[PDB]
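Given next, in C-alpha cells, is a single chain: the form deposited in one PDB entry.
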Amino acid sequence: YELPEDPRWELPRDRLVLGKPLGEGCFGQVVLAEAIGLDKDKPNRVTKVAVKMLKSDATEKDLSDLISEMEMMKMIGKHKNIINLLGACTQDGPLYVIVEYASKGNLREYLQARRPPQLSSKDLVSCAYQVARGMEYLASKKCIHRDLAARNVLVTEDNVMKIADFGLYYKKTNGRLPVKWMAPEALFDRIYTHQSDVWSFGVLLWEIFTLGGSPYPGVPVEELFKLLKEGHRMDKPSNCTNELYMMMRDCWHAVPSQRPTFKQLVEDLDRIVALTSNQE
C-alpha cells in the first residue's frame, strides 16, 4: 500500500523515539513515545506523545480503520478538551498516527486513585465542565462518540480532561459492561445520535460524583433492560447538589428530543463552576 503525504502532518520517522507498549486496556496497538522538534520554531524540544499503529496480523479493514480514524481527526480539528492529532508517519515504513500524551491516564483511574483511603467539589464540576466543552465541540463537527464514559476521558499532567476514541451482547471488556452507558434507543433500536451521547454524559456525571463508581448499584445486568423500560434512573450520589442531579435526570429523559444539548450543558456547568467554592 502507498499513502499520500500531507507535509502539515508528516513527521520524519527518526524524530520519533518509541517507548513502552500499553496493550489491552487501550483500543488497538498503542505505544508511548517521544517526538523531537514537533514545533518547527523549537526543533531541540522533545514532546511526550501516544502512537497508534497496526499489529503484525493486521487485515485490510484494520489498515483502513486506522486511516479513517486519522483523517476524521483532521476533519474535526483541534480543541484543548479532546485528544488532538499532532502528526503521522505515512511513507518509508508502516502507518504511525501520533496523538497527545495524557500522563495521568483515564478519568476513572484518576478519580478512583484520589478517593479517601484528593478532589474538591470545584475540581469535580470543573471536570464535568471540561468533558462538556470537549463533547460540545465534537457535536458541532457532527461527531457522535457512541461510548462516552470516564474510561474514555484521559487526564494530562495539567489535569486537563481530554475526550478519547472519538474517531471510531452484555459481556465484559478492563471488566467494564458498556450497556450501562447506552441510551435506551441505542440499547433497544441500535440508534445513536448526539442525544444518546448526552445520555452517556449523564452516566459520566454520575461517575465523576461517585469518584469512579459502577453505575446502577445492586442491579444485575439481566434485569437492567426491564428497569430502564419501567423508567428507573440512578439515585443521587451524596457528593452532589440537587442542581447537578436535576442535570443528570434531564440527560436521562426517555425521549431523546427532550434531553438538553451539550451547548446547554456547558452554559449551566459554566455557571455552577463559578457558584461552587474551592472549600465546598
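Numbering follows the first chain given and starts at 1. Between two forms, the rigid core is the largest collection of C-alphas that superpose within 1.5 Å. What changes on going to the form deposited in another entry:
- Superposed on the rigid core, the two forms differ between the two forms by 2 Å or more at the C-alpha of one listed residue only; from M234, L211, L228, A58 that residue is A58.
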Contents of the next structure:
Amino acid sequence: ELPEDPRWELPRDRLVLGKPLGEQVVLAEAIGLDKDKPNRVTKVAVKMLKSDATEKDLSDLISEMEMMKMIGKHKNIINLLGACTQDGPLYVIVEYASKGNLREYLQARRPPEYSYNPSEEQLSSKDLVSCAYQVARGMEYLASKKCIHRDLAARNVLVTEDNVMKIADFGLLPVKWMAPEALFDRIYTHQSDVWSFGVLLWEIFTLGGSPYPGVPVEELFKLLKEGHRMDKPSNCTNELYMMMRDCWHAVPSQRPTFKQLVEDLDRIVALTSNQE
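Now the other one: the form deposited in another entry, given that the block above is the form deposited in one PDB entry.
Below: the lone chain, stripped of partners and molecules.
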C-alpha cells in the first residue's frame, strides 16, 4: 500500500461519513482536525475511489493528494485538510463548500425569460465583480506556485457558506474554455488559464450562461482562428468586456497575467456600485 505521512494523517474513526455530494465525494464531519481544538467537529468533503475503480484511478487520486500537499494553503482555493491512508480505503479530506459550484450558485440567483432560473437573493453588481476578484486571487496564488489548472471554469469554482470563492480541481463540453493553442497544439500554460478565466468572467456576468450558444464544437477552432469571440453579456460593463477580450487575445504573450487581473479587479470592485 501507501506510505504514512503524519503531517496529514487523520485516524479513520475521527471521520463520520455523511451524505453523497457528487461523483466520488461525500460530506463528513471530522473530529479534532485542529490538534489544539481536539473536541470540535468540522464539516469537510472527503474524496474516495468508486467501487469499480481502476489502478489509474487510485494513482491519480494519490497524485492529486500529493500535489495539493505541495501547493500550500490559500483562502481562494479548496484546501487539503487531511487523509486516511492506512486503515483501509484511501480518503482525501478537503474543505467543504456548502453553496456548491459557482455555475449553479449564479443560476440559482437569476431573476425569474431568456435565461430562466432552474431552482435565492439576486447578486448585486459589486458581488459579481467581487466573485471575479476572488477567483482571480485564487488563480494568482496557483500560478505563483507554478500550477497550471487546464480546466478553469465556473463549474470548477466552489462557494462556501460564507460565499468565499475557492478554485476546485487544480491538482489533476470543456473545449469551450480552452485557449486556441490548447486546443490545437495541446500547449497548456498560465496564459491558457487566463483565456479560460475570460470565459469564466463571461459565465459570471451571464449568471451561469452557456458559452458559445448553438456553436457546434467542431467549428469552434476555425471560428476562434478567424477572430470569433463571444459577444458582451447584456449586463456587463464595457470595461469588464474589454478584460474578457484581453484574456482572449490570440497571441498568448499578450494576455494579462493573473497578477494584473487581480490589480484591475481590485480597483473595479472598489468603483462598482453596491446599489445596482
